[PDB]
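Trainee: Chain by chain, the residues:
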Amino acid sequence: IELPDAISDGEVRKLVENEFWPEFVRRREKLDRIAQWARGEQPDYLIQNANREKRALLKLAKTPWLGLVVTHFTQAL
Amino acid sequence: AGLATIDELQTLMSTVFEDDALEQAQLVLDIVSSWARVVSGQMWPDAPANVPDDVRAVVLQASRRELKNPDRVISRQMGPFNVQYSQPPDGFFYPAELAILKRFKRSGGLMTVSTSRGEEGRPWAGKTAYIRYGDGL
Amino acid sequence: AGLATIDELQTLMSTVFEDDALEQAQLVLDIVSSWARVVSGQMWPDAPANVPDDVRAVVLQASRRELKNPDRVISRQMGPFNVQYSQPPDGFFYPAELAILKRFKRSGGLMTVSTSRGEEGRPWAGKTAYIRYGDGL
Amino acid sequence: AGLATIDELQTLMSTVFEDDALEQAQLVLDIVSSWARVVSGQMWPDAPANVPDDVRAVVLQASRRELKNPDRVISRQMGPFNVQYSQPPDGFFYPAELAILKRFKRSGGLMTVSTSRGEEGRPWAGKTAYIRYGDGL
Amino acid sequence: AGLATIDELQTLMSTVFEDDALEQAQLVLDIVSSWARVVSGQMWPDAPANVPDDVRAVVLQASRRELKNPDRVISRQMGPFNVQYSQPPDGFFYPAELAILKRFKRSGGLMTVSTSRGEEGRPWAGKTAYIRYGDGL
Amino acid sequence: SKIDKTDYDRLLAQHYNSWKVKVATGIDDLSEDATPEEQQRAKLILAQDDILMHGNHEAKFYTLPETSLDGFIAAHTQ
Numbered sequence: 001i002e003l004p005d006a007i008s009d010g011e012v013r014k015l016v017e018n019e020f021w022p023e024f025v026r027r028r029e030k031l032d033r034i035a036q037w038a039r040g041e042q043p044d045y046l047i048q049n050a051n052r053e054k055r056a057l058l059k060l061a062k063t064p065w066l067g068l069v070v071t072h073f074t075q076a077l
Numbered sequence: 001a002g003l004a005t006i007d008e009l010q011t012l013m014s015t016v017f018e019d020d021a022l023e024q025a026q027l028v029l030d031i032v033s034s035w036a037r038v039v040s041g042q043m044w045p046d047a048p049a050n051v052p053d054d055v056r057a058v059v060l061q062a063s064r065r066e067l068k069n070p071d072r073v074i075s076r077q078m079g080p081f082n083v084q085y086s087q088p089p090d091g092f093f094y095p096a097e098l099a100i101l102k103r104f105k106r107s108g109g110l111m112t113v114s115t116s117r118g119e120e121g122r123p124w125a126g127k128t129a130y131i132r133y134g135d136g137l
Numbered sequence: 001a002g003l004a005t006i007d008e009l010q011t012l013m014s015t016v017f018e019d020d021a022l023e024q025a026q027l028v029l030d031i032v033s034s035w036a037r038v039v040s041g042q043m044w045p046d047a048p049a050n051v052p053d054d055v056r057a058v059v060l061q062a063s064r065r066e067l068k069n070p071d072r073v074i075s076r077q078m079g080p081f082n083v084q085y086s087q088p089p090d091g092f093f094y095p096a097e098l099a100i101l102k103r104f105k106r107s108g109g110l111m112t113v114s115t116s117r118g119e120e121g122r123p124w125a126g127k128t129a130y131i132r133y134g135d136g137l
Numbered sequence: 001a002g003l004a005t006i007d008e009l010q011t012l013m014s015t016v017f018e019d020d021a022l023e024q025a026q027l028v029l030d031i032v033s034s035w036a037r038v039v040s041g042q043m044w045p046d047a048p049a050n051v052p053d054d055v056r057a058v059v060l061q062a063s064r065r066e067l068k069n070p071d072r073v074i075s076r077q078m079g080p081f082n083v084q085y086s087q088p089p090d091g092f093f094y095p096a097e098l099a100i101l102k103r104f105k106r107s108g109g110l111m112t113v114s115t116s117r118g119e120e121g122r123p124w125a126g127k128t129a130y131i132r133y134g135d136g137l
Numbered sequence: 001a002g003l004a005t006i007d008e009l010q011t012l013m014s015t016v017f018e019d020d021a022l023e024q025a026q027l028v029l030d031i032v033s034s035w036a037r038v039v040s041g042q043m044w045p046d047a048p049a050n051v052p053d054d055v056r057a058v059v060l061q062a063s064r065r066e067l068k069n070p071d072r073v074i075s076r077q078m079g080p081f082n083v084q085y086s087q088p089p090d091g092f093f094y095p096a097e098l099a100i101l102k103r104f105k106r107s108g109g110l111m112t113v114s115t116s117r118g119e120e121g122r123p124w125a126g127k128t129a130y131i132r133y134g135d136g137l
Numbered sequence: 001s002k003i004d005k006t007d008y009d010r011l012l013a014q015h016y017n018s019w020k021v022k023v024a025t026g027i028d029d030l031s032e033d034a035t036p037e038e039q040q041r042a043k044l045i046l047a048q049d050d051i052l053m054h055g056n057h058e059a060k061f062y063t064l065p066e067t068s069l070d071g072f073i074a075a076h077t078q
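Chains as they are written, first to last, in the numbering used here: chain A, 1 to 77; chain B, 1 to 137; chain C, 1 to 137; chain D, 1 to 137; chain E, 1 to 137; chain F, 1 to 78.
The hints are simulated quantities; they were obtained by calculation from the structure and are not laboratory data. Don't take each hint at face value.
Just so you have them, the derived chain E footprint on chain D, three or more residues with Cβ under 8 Å [unchecked claim]:
#: 1; stretch: 9 to 23
#: 2; stretch: 81 to 89
#: 3; stretch: 101 to 114
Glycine residues also receive a C-beta, built at the ideal position from the N, C-alpha and C atoms.
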């Protein structure tokens with residue numbers, strides 16, 4: 001990405017579509033992933049995709065902990 | 001089937017098989033090859049092409065034992081002549097031969113079975129209830 | 001029944017069956033095929049069609065043992081000639097043959113039985129007492 | 001194959017092999033060499049070049065044992081003459097010979113197998129979420 | 001190889017070796033010397049130079065045992081003459097002979113193997129981050 | 001130096017022998033086509049549901065007890 005001195009009055013979309021939108025999507029995917037991580041569904045380093053029972057047990061063990069910490073911190077401010 | 005041929009068996013026995021003896025030897029060799037295949041667990045599609053020397057030795061030895069005595073006789077004598085054999089094995093192969101036949105088995109042979117508590121499992125009861133509150137990305 | 005035919009048995013024994021010997025051999029082979037079927041647990045609807053080489057070997061061997069001696073003689077002699085066989089199998093098959101036959105059984109053979117405490121179970125005592133207080137959706 | 005040659009075997013047996021006896025002896029020696037190769041675990045590409053004296057001794061003794069009696073007899077007598085051999089080993093390679101052959105195996109022979117809990121592992125769930133906030137160094 | 005010579009073996013056996021018997025005796029002695037070398041673990045570069053009396057005794061006795069009977073016969077009789085030998089030892093050397101041969105092994109023979117947890121080890125992650133803040137001494 | 005030596009001894013005990021080592025005897029060897037240290041990724045599945053079994057009645061499964069890892073902590077505290 002580059003910082004443009006001009007504001008691109010007549011060509012703002014040209015600069016946006018090739019410099020801002022890709023960076024915006026690159027940040028948005030990570031922000032969405034971390035938001036999903038916050039509200040439960042912690043990152044599963046090990047997951048069994050072959051056994052349905054094991055996958056169900058793993059999903060049943062996804063206790064939300066970081067979300068509780070965030071809620072506790074934000075409720076005292 | 002037919003891991004081994006008939007010429008090397010003839011050389012090993014120092015005799016020639018003819019008439020029903022040739023057919024009997026071929027049938028015995030086919031039986032022994034099938035038993036070795038089922039013990040090892042492999043298939044050997046092209047039978048007399050790869051056929052490692054270990055399985056050839058096993059099948060030739062077992063065919064020789066089967067031809068020498070099919071009734072698994074311990075001691076047999078006719079008049080003055082007498083001869084006593086060792087203890088015959090349970091199968092066509094002695095326990096020492098079985099282990100090397102089991103060499104081709106994957107890992108050390110300690111295969112396991114996946115048990116279950118009679119449950120199917122539905123790892124989706126709680127995830128599909130979420131309603132899309134974003135831009136659809 | 002009849003996993004194996006009579007021609008290959010004749011070649012294995014190097015003899016031809018005739019008169020009641022053929023009928024006796026056929027009956028023995030049918031008995032052995034039934035025993036192998038019940039030990040393995042399969043059915044084999046088309047008997048001499050699939051009939052894997054393992055069960056053919058087992059039934060031919062058992063038929064040969066039965067024809068050689070039906071009384072399970074250990075040592076038999078008449079005059080100068082003497083012969084002493086090994087220990088006969090219990091029913092018909094040596095432990096190796098039984099282990100080979102039990103290959104077709106599902107899993108490792110460690111089948112289980114579902115026990116109960118003499119209870120039927122009624123998982124509805126408490127759910128049908130709810131009265132519909134909505135729109136009937 | 002063919003770890004040993006035929007001249008030293010002839011000198012050991014104090015006899016000369018000819019006609020089909022030479023072919024039978026060569027086949028026996030090749031079979032025993034294959035058994036020794038599979039027991040030791042090595043390959044020996046150039047067979048009669050390195051071929052340490054231990055494996056030569058083992059294969060020569062096993063070939064002599066096979067030639068002396070292929071049916072593994074215990075006691076054999078012909079009228080006034082009688083001879084009774086010792087207990088034959090499980091196949092070839094008497095336990096001391098087996099221990100000698102297993103010398104070439106790596107370490108003490110206590111090889112292990114790497115087990116797993118049916119998991120692949122993804123050591124990147126949490127590292128790629130970091131966004132570069134520096135100069136790109 | 002050849003820890004022992006042929007003259008002292010001839011004196012011990014009270015016979016003279018000739019024709020192919022000398023070659024067979026030399027081959028047997030070389031085999032026994034190789035077995036003693038591999039059991040003891042030493043090399044003995046100059047074979048008939050140092051060659052302690054213990055290994056000479058062991059190889060001479062083993063060679064005599066092999067020459068007396070190569071088939072490890074227990075009892076052998078021809079007509080009125082009969083003779084029965086003791087139980088042949090495993091391999092070539094009796095347990096006392098094996099214990100004597102293993103004398104040259106380092107320590108008491110309780111050698112160990114260095115195991116590992118599949119780790120290489122990098123004892124420098126934390127030391128090279130220090131920046132020289134002195135005079136460079 | 002003594003404290004660091006005690007810590008090193010505790011680390012050696014914990015890193016080399018701290019789990020019940022599972023061993024087997026009586027089964028065959030030199031399997032997997034006489035493995036020349038090839039294809040080390042055997043991936044033998046071993047979980048709670050899996051039950052090990054071998055086709056030999058002479059096979060024995062032993063376990064090796066590990067260090068209790070209790071004296072080292074007391075020694076370091078002292």
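Trainee: Does each hint fit the structure? Answer for all of them.
Mentor: Okay, the hints, checked on the actual structure:
Given a C-beta distance limit of less than 8 Å, the hint that chain E covers the stretch 9 to 23 of chain D holds, as 3 residues qualify and 3 suffice. For the stretch 81 to 89 of chain D, the proposed coverage by chain E is satisfied: 6 residues have a C-beta within less than 8 Å of a C-beta in that chain, meeting the threshold of three. Coverage of the stretch 101 to 114 of chain D by chain E holds [criterion: at least 3 residues with CB-CB distance below 8 Å; count 4].
Violated hints: none; the structure is consistent with every hint.
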